[PDB]
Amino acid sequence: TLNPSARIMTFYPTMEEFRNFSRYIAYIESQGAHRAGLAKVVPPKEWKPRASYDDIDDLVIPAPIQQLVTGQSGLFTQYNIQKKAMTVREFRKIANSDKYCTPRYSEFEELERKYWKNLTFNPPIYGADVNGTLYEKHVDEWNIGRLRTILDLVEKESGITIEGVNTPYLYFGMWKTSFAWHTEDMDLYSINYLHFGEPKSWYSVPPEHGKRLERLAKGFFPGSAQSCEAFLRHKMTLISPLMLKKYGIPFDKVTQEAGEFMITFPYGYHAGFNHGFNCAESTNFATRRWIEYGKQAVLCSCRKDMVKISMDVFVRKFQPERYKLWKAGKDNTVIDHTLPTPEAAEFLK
């Protein structure tokens, strides 16, 4: 089938193709993009979500996070220490200080080695999970604030909003800040735009090999595994690419740059780190292909306020012939990670 390498793909849509979000996602899936779990989409040169970013210095980061990393030989656990609120100006001041700034380097392979060699030292601050958007109110193409996908059935039918899932999150980062391995809540899709700043590097494991990654993680962190069915959802586990390589876990890497979009797919494990001071925005979204992932997503069974979406409305509206079967817990549909979402039908003929 398509993209049998399950390698990370990059797309350059024209302004025409760009306009319909859900439609372009259907397209890239018809090209096998999802098989890698992660994909890059470079927006048209004439596209910009905001005019200028010189007016956010006063924007407040209510819960900055200091990332303490503990571990050795490729396996680490990240602990969060919440610091007092601060502004984007204060944050940047710190991000650029000779204390937390980016080390000198030539090729990316070098910055990478330095990241994996010093991530346990000099714990950085991460202005993550910040409620808000940097999109201009009139931007109608790929506006994270309103992608208009079926995930809207959640708020529209129940009124329930889940910060970060069906509302945007801003992430202000600095050198060495990172994000642990994980898939989205309810195994949804994810859209990430890097408004500005230094690059953000990503690691991705193909959804078709996700179970292998979990198996490995469970063997390394048996304690966390025995305490939770999906401890990777805590987002505290870091695993180096060398360790994955050494245990035969298929994975790919890619560096996202300011102005580019990254898309993660259902059950696509990903992790990465920021090269330096930057700002990114993200939220989740869905397609009809997601519904099945949602019904089968293995959720965190030890924390409260953990994201759990009712799959009822989706199964009832898009899988009516399986609703009673599903409701009776008799629906044993097996998921094929290679198949594109049905909306991509028009692109396969």
Contents of the next structure:
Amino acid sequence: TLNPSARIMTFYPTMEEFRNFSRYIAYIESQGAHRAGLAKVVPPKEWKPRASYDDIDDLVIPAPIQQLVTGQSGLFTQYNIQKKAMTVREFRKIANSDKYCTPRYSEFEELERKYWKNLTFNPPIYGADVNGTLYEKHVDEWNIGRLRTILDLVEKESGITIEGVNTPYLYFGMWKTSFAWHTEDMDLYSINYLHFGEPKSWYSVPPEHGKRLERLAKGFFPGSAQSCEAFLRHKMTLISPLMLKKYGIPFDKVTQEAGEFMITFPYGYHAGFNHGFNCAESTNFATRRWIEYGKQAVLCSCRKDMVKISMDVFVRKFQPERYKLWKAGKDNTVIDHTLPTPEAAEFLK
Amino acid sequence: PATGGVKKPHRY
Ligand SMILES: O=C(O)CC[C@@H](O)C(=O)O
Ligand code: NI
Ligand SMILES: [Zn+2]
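Switching from the form solved without its partner chain: structure of the form deposited with its partner chain bound?
Okay, now the whole complex, with that chain kicking things off.
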């Protein structure tokens, strides 16, 4: 009953609700936000993660990537070519240059049409996956560098750092730069804050319909699926909404504006593109509900360096009564994507 | 090892 349309919801927390992060996530899930697989959270007007973004021109983007895209009829494959390092000011000059700047347009639908029509032309540069944060160290609310969720158990118990997952990543985008369809590593949650600049548009498939998308993708790229079952985790696959609609895959879209947060939920597939020069900060996080997803996540093993997280510490601590069975490989739990996370019980009475 | 890796995808 809580958002049975499974559409993307937007929330407006007061400063008081905003202070406790994991508690608010539990709240929006009690409101059915997780069903769409993506949700927007507009922070209270008083809140600000940083006083000014005018002192970062010398920040270096170590490995910018040029996005070469090949495809047709709504199905594409993206090849990220690493380019020489450059500073933000240099990236900005190129981003706003006449060659890569956002084309003129009226409504969003028009820009979206131009994106899908020209994505294989004039390959843009994306300052993606950059180690770092732009938050001021005194910001305690929704600080992406320290969210305080159970995902912290990984670093606290194994002392293992997985950059981008338990640490923040910055993304400097320009017109037409894209992020392919995927769910988070280990099917975790993700938080994405657009610090400044032009918008970032998103597409999302309800977690309860995720398999349908995987099925559809496997059909479009049989060779890729043959080489790796979780090939989508390679983050190279682009699929247009027209193709999603044509094959009956449910989905929704939303545009994130500067100063707004986007939360992706476990096993929630998403993809998108940047409208123009901008900067976003992202990382992963977890809740008790994620644990079962982590245990059942289909992983990529055809490549080195892929993110892998042992679920042993979570099962042992949060599901001690199921731990022995699980180790024996006999845990047959079935995930119900509609159910909110346990921490939400508080808001359901 | 059981836990490790990096979020950044392999580039070309
Ligand atoms: O900004 C991007 O490149 C996409 C980020 C999105 O995949 C996320 O989960 O934060
Ligand atoms: Ni993502
Ligand atoms: Zn793979």
